[PDB]
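As a starting point, one isolated chain is supplied in structure tokens, in the form deposited in one PDB entry.
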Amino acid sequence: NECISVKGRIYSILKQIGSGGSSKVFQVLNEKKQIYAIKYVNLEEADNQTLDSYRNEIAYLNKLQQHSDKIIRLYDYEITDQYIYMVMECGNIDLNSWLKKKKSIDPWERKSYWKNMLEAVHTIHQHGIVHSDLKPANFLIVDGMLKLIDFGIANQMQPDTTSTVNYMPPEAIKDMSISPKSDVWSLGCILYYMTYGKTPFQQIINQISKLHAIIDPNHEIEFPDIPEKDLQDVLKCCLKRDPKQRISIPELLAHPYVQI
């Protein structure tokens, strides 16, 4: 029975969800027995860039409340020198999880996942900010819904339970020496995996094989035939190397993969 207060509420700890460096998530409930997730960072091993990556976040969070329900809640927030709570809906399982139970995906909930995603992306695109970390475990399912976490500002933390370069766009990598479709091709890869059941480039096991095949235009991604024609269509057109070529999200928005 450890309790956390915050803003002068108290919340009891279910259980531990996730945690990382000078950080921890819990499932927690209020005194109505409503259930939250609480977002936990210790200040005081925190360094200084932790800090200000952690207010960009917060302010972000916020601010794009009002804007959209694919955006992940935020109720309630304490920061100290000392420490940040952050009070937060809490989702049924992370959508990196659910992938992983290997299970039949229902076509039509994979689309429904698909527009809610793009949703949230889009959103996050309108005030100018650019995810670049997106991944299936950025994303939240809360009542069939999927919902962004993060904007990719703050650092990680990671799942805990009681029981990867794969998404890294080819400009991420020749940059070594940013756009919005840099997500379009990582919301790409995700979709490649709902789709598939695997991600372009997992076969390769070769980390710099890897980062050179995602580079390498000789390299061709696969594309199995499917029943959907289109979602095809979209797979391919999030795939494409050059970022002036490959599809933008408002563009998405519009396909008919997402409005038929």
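In this text, rigid core is short for the largest set of C-alphas that superpose within 1.5 Å between two forms. Residue numbers count along the first chain shown, from 1. Compared with the form deposited in another entry:
If you fit the rigid core between the two forms, you'll see the Cα of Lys102 move by 2 angstroms or more.
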The other form holds:
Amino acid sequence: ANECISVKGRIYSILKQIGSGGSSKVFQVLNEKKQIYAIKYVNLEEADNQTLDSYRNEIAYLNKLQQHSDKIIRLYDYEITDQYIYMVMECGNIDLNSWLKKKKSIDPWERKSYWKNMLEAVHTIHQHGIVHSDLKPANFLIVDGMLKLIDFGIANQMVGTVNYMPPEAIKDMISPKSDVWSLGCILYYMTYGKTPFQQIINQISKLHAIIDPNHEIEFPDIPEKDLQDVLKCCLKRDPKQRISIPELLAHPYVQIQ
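The form deposited in another entry, contrasted with the form deposited in one PDB entry above:
What follows is just the one chain, with no partners and no other molecules.
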């Protein structure tokens, strides 16, 4: 009825469990003053040294990079022992994926503002040598009408689509341009209500379609011609010709009005 978690002396009462994974759980919790937080619990007892290293690495980067942008989820505190990790993080409304799934269409202004947030968080991690390499909507949390990156893709291991995967990741079987493609696929989904290769149901074919230059991606004409241009720029198969994040930050789509 009223279970608690302690983290660095501070007791937090669990309001409800909001998420889970392979031995990882996420809780909505309230502190002594009834302030809301998300606590991510990780059980470390089967984790190997390689896995542990990646976990510490992600915690370290999350801790450092949050001072550089408020579009990165706030890590308030954490307790880490040989058995468990508890992370006290800011609480949000809902992740971008869940919100997108129950949204018939997105307001053009909300879409542009979310895009800006996404570019800002991803730009920040890039400025410190991190390429996420696995961006999807689920990696972003909506907090006070603002998108926040909740992770940096460093974690080793604990569904899962290839809809957001870039062609050079598949051919090389990887740079900051790889994240631009995936962000492109998220924006495309926010624009056209599906991702560029969603219609292909065989995953092998889908992978083949992603790397095939004779497979042309559709860009149906829309009122916002700057949005359409951004999509075409992000979804160029050649990474050298693909637009960069700083180029995207100066794009009329994010700048003009």
